[PDB]
Structure formats: structure tokens, C-alpha cells
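The lines below spell out each chain.
Number of protein chains: 2
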Amino acid sequence: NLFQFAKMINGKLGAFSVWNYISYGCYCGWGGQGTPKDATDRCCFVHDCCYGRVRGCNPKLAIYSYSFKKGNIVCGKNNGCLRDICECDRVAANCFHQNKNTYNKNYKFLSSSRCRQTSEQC
Amino acid sequence: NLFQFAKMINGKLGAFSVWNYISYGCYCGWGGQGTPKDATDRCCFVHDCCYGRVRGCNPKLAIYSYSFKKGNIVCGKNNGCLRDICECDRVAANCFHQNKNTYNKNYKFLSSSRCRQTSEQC
Ligand SMILES: CCCCCCCC/C=C\CCCCCCCC(N)=O
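Residue numbers (PDB author numbering), protein chains in the order written: chain B, 1 to 14, 16 to 56, 59, 61, 67 to 86, 88 to 122, 124 to 133; chain A, 1 to 14, 16 to 56, 59, 61, 67 to 86, 88 to 122, 124 to 133.
Quick caveat, the hints were computed from the structure, so don't treat them as lab data.
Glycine included, every Cβ here is placed at the ideal spot set by N, Cα and C.
Any given hint might turn out to be false.
To be verified - Think about it this way: if two alpha-carbon atoms lie no more than 25 Å apart in a straight line, the pair counts; the simulated DMTMM-like pairs of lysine to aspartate or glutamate are:
#1 118/A with 39/A
#2 115/A with 39/A
#3 110/A with 39/A
#4 86/B with 131/A
#5 110/B with 94/B
#6 115/A with 131/A
#7 79/A with 97/A
#8 7/A with 131/B
#9 7/A with 97/B
#10 7/B with 94/B
#11 7/B with 131/A
#12 7/B with 97/B
Claimed, not checked - Here are some of the chain A residues that sit facing chain B, going by a computed Cβ distance under 7 Å:
#13 2
#14 13
#15 23
#16 31
#17 32
#18 33
#19 34
#20 49
#21 53
Start from the sequences, fold in the hints, and give me the full structure.
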């Protein structure tokens with residue numbers, strides 16, 4: 001769900018990383034507006050989209074099957091919206107590692124007026 | 001959207018308040034499994050359930074219209091799902107205020124093991 005995405009995060013992020022994703026960019030953690038200030042914060046957008054597209061079932070509450078073969082991410086059964095959900099997180103969690111180098115603390119807990128600009132479509 | 005939402009919490013339940022729903026209980030913050038704990042937790046959950054009902061929109070990424078009628082959150086003349095999403099965020103919000111003292115600091119942060128159970132139904 002999100003409890004997982006978290007562990008799914010920590011997993012490929014060395016435990017206590019989700020904390021750095023509590024409130025980032027215009028999309029990360031609490032957010033949803035203007036344009037993605039950062040690629041990492043863009044990782045977020047996706048995940049939001051990814052979920053946003055998901056047909059019918067609830068993610069915040071969706072409980073799925075996922076594993077970590079050799080410290081690496083792997084989603085279980088390839089059937090159901092769950093296939094989908096477990097995907098975002100995977101990717102997401104991953105997209106993270108993909109840009110952990112471009113992380114701007116100065117982008118932590120920003121303010122609305125930071126993203127007040129026009130939205131940006133998925 | 002979270003932001004919109006965020007504000008609400010800062011609004012009705014003072016500032017910095019948000020930071021206290023960042024994570025707490027099986028359903029507040031990052032979570033989504035097992036049964037709730039007390040009240041506050043329930044407050045969230047439903048929201049999630051509320052978010053759960055909705056369709059054709067993304068509560069994370071939606072952007073409704075709200076405002077405090079000088080003292081209490083109020084979702085103004088709507089046009090669709092926003093109508094809802096707002097309301098969702100709206101009450102869930104009021105919902106917290108409805109049970110402040112009941113807050114239990116030690117319920118903020120569970121190992122996702125404190126909930127290790129099956130998410131109930133909406
Ligand atoms: C690729 C990055 C992923 C996008 C960012 C995901 C961050 C998750 C945000 C949601 C959890 C924050 C707490 C709000 C949830 C409280 C739920 C309740 N019903 O209000």
C-alpha cells in the first residue's frame with residue numbers, strides 16, 4: 001500500500018530514507034501542484050500519476074504481494091490492479107535511487124507559494 | 001490535494018499540526034493495513050476510505074476550492091469530484107479537531124508491524 005512503498009523505499013534506500022520523502026518538491030510527500038521542482042520530486046509526480054491512472061482499486070489501502078530477491082525489488086503475482095500498484099512503488103522507490111544524487115534538502119517542506128504555478132498534466 | 005488538505009489541518013487544528022498526521026496510527030501518514038487504533042486514527046482511515054469512494061479524479070492531485078468561513082473549514086460552491095475530495099479532506103480535518111487530546115504520541119510511528128493485520132472495509 002503505502003506502508004509497503006515505505007518499506008519498499010527503505011529497502012532500496014537504506016532504512017530511514019522514507020523520512021526524506023515525507024515532504025519534498027511540488028509533489029513529494031504532501032503536495033500536488035505547480036510543476037515538479039526536482040527530478041526526484043518528479044519521481045513523485047509519476048507515482049502520483051501512476052496511482053492516479055489505476056483502475059478502480067484503492068492504493069493507500071491496497072495490500073499486495075512484493076519481494077526483495079537478493080536485496081533487489083520484485084513484485085509478486088502479475089494479475090490485478092495490484093500488479094499495477096506494486097509497480098509504481100517499485101519504480102518509484104527505484105526512480106528514487108535513480109536520482110538520490112540530485113537531492114536538495116533546500117527543497118524540504120517547501121511552501122505552496125513555491126508551487127502556486129499552473130499545474131502540470133500526467 | 002494534500003496541500004489544500006495540509007492547510008486545512010493547519011487551519012482547524014492550529016499550525017504545525019499537519020506534521021502530526023505525517024504519520025500516526027495504522028491509517029494516518031504512511032500505512033493502510035489492519036484495524037485502526039483509537040479515534041484520531043479512524044479520522045484518517047475514513048478519509049482514505051473517502052478518497053477510496055471517489056472516481059474520475067485524483068485526490069492527491071486534485072485541486073478543489075475551500076476556505077475557512079472565518080472560523081471553520083468550508084468547501085465552497088463545487089462542480090464535481092472536487093466537491094467531494096474537498097469534503098473528504100474537509101471533515102477528516104474537522105475529524106481530527108474532534109479528537110485532539112485523544113492524540114497518543116506513541117501512536118505516531120508503528121513498525122508497520125503494529126498494524127500487521129488485514130485492512131478492514133469501507
Ligand atoms: C515516486 C515518489 C512517490 C510520490 C510521493 C508519495 C508520498 C505519499 C504521500 C501520502 C502519505 C502522507 C500522509 C497523508 C495520508 C493521511 C491519510 C488520511 N486518510 O489522511
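Evaluated hints:
1. 118/A with 39/A: Given pair residue 118/A, residue 39/A holds - Cα atoms ~12 Å apart, limit 25 Å.
2. 115/A with 39/A: holds (12 Å)
3. 110/A with 39/A: Given pair residue 110/A, residue 39/A holds - Cα atoms ~11 Å apart, limit 25 Å.
4. 86/B with 131/A: holds (22 Å)
5. 110/B with 94/B: Holds - the C-alpha atoms of residue 94/B and residue 110/B are around 24 Å apart, at most 25 Å.
6. 115/A with 131/A: holds (23 Å)
7. 79/A with 97/A: It holds: about 17 Å lies between the C-alpha atoms, which stays within 25 Å.
8. 7/A with 131/B: holds (21 Å)
9. 7/A with 97/B: violated (30 Å)
10. 7/B with 94/B: holds (17 Å)
11. 7/B with 131/A: holds (21 Å)
12. 7/B with 97/B: Judged against 25 Å, a Cα distance of about 14 Å means the pair holds.
13. 2: holds (4 Å)
14. 13: violated (15 Å)
15. 23: holds (6 Å)
16. 31: At about 4 Å, which falls below the 7 Å cut-off, the nearest Cβ of chain B leaves the hint on residue 31/A intact, so it holds.
17. 32: holds (5 Å)
18. 33: holds (3 Å)
19. 34: Cβ of residue 34/A sits 6 Å from chain B, so the hint holds.
20. 49: Check passed: Cβ of residue 49/A comes within 5 Å of chain B, closer than 7 Å.
21. 53: holds (4 Å)
In this structure, the hints that do not hold are numbers 9, 14, in rising order.
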